[PDB]
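**Q** Each chain is listed here by its residues.
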Amino acid sequence: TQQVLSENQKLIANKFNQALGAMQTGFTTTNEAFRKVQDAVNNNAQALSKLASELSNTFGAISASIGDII
Amino acid sequence: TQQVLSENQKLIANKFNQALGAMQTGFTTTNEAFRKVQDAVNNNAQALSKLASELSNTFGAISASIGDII
Amino acid sequence: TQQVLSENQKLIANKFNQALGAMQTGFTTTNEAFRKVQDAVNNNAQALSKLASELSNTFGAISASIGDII
Amino acid sequence: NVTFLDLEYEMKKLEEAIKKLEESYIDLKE
Amino acid sequence: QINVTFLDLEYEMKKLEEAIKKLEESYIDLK
Amino acid sequence: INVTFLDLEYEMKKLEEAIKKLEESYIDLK
Numbered sequence: 001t002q003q004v005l006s007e008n009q010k011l012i013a014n015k016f017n018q019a020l021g022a023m024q025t026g027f028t029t030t031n032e033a034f035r036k037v038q039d040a041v042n043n044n045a046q047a048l049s050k051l052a053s054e055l056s057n058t059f060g061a062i063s064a065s066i067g068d069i070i
Numbered sequence: 001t002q003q004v005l006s007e008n009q010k011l012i013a014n015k016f017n018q019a020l021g022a023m024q025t026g027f028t029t030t031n032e033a034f035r036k037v038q039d040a041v042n043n044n045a046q047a048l049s050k051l052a053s054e055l056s057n058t059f060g061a062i063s064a065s066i067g068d069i070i
Numbered sequence: 001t002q003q004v005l006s007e008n009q010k011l012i013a014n015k016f017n018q019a020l021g022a023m024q025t026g027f028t029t030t031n032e033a034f035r036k037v038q039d040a041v042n043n044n045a046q047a048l049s050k051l052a053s054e055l056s057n058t059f060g061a062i063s064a065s066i067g068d069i070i
Numbered sequence: 001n002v003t004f005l006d007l008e009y010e011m012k013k014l015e016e017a018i019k020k021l022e023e024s025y026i027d028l029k030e
Numbered sequence: 001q002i003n004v005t006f007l008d009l010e011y012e013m014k015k016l017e018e019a020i021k022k023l024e025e026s027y028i029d030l031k
Numbered sequence: 001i002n003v004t005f006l007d008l009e010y011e012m013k014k015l016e017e018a019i020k021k022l023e024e025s026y027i028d029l030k
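Residue numbers (this note's numbering), protein chains in the order written: chain A, 1 to 70; chain B, 1 to 70; chain C, 1 to 70; chain D, 1 to 30; chain E, 1 to 31; chain F, 1 to 30.
Simulated from the structure, these hints should not be mistaken for laboratory data. One or more hints might be untrue.
Stated by the list, open to error - Simulated pairs of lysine to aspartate or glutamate, DMTMM-like, Cα-Cα distance not exceeding 25 Å: (1) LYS10/B with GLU30/D; (2) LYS13/F with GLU10/E; (3) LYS31/E with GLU32/B; (4) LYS50/B with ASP8/E; (5) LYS36/B with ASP29/E; (6) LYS36/B with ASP7/F; (7) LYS20/D with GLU7/B; (8) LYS10/A with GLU32/C; (9) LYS15/A with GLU17/E; (10) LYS20/D with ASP8/E; (11) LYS12/D with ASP29/E; (12) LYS13/D with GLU32/B; (13) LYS15/B with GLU24/F; (14) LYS12/D with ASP39/C; (15) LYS20/D with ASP6/D; (16) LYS10/A with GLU9/F; (17) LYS15/B with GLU24/E; (18) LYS10/B with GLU25/E; (19) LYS15/E with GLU16/D; (20) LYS13/D with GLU32/C; (21) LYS15/C with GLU24/F; (22) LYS29/D with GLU25/E; (23) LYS15/B with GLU7/A.
Take the sequences, apply the hints, and build the full model.
**A** Take a look at the structure:
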């Protein structure tokens with residue numbers, strides 16, 4: 001029985017290691033994906049903030065420059 | 001004894017397989033979540049780009065017209 | 001060979017448990033990250049929608065009022 | 001054309017998977 | 001100089017499906 | 001009501017720590 005148990009043990013260890021590699025690939029991929037998500041959300045938040053700042057500043061400018069006419 | 005190690009091995013295999021199923025559920029869920037993030041970020045980037053395009057086109061148009069008035 | 005198989009088995013269980021803990025920390029961290037992503041995308045979508053709504057409301061208002069000027 | 005993002009269900013799925021992992025610890029039993 | 005950027009995870013999600021396949025490949029029959 | 005930015009680098013740090021701890025749990029087949 002000891003021999004069968006050693007062989008079965010070897011199979012356990014092998015499938016275990018394979019699953020280990022699969023999980024490492026998984027978490028690594030998740031990490032890269034979170035990098036891309038962070039950079040995209042950040043870039044689009046930045047562009048949005050630039051847009052709002054431009055609209056507000058320019059509308060204040062026009063408010064003044066047309067205010068002076070009267 | 002031999003029996004205790006055999007039954008213990010049975011516990012090893014069972015808990016291992018259970019953990020495997022948990023891993024499948026985990027990575028699958030992460031995949032679906034990343035699809036939702038991708039489609040949401042993409043959709044809102046699209047809406048933002050449409051907004052900017054509308055503002056730019058219409059403001060250039062007005063500049064042209066009232067510019068022509070003088 | 002009996003004690004060799006017992007030592008082997010204990011090491012198997014140990015490495016299994018260690019990998020298990022690492023995975024729990026991993027998925028937990030991924031969950032927290034998904035919380036942050038959801039809250040960020042939601043906040044910026046909200047700000048964008050507020051921007052569009054205000055711009056549209058005021059532009060309609062002016063269209064109406066200066067329309068009355070004509 | 002503006003959409004929101006809801007991952008609450010997915011996050012609970014992750015919580016549950018983490019619970020199964022916690023329930024998959026191998027006790028010595030010897 | 002900024003502009004609106006998009007987000008592409010199709011490769012990463014492909015890797016995730018690959019990983020769940022290589023997880024399905026480690027199941028242990030009793031025997 | 002506000003524009004906010006997104007910082008996941010703590011989470012990414014913890015994730016790479018978890019990955020290294022995954023590689024440190026290999027069975028070495030002996």
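**Q** A separate judgement is required for each hint: does it hold in the structure or not?
**A** Hints and how they fare:
1. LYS10/B with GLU30/D: Holds, because 13 Å separates the two Cα atoms, which is no more than 25 Å.
2. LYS13/F with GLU10/E: holds (23 Å)
3. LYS31/E with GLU32/B: Answer violated: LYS31/E to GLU32/B is near 35 Å, above 25 Å.
4. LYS50/B with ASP8/E: holds (20 Å)
5. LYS36/B with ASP29/E: violated (35 Å)
6. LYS36/B with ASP7/F: Given that 25 Å is the threshold and the Cα spacing comes to 19 Å, the pair holds.
7. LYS20/D with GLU7/B: holds (22 Å)
8. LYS10/A with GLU32/C: violated (37 Å)
9. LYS15/A with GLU17/E: holds (18 Å)
10. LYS20/D with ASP8/E: Since the Cα atoms of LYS20/D and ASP8/E sit roughly 31 Å apart, the hinted pair is violated (cutoff 25 Å).
11. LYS12/D with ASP29/E: At roughly 30 Å apart (the allowed maximum being 25 Å), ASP29/E and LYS12/D break the hint.
12. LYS13/D with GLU32/B: Within the cut-off at roughly 11 Å; holds.
13. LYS15/B with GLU24/F: holds (20 Å)
14. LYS12/D with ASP39/C: holds (16 Å)
15. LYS20/D with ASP6/D: With Cα atoms ~24 Å apart, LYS20/D and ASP6/D stay inside 25 Å; holds.
16. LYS10/A with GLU9/F: Outside the cut-off at roughly 39 Å; violated.
17. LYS15/B with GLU24/E: Roughly 15 Å between the alpha carbons, so the hint for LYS15/B and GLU24/E holds.
18. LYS10/B with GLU25/E: holds (19 Å)
19. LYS15/E with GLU16/D: holds (23 Å)
20. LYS13/D with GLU32/C: holds (13 Å)
21. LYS15/C with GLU24/F: holds (9 Å)
22. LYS29/D with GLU25/E: With Cα atoms ~28 Å apart, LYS29/D and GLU25/E exceed 25 Å; violated.
23. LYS15/B with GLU7/A: Status holds; Cα separation ~19 Å.
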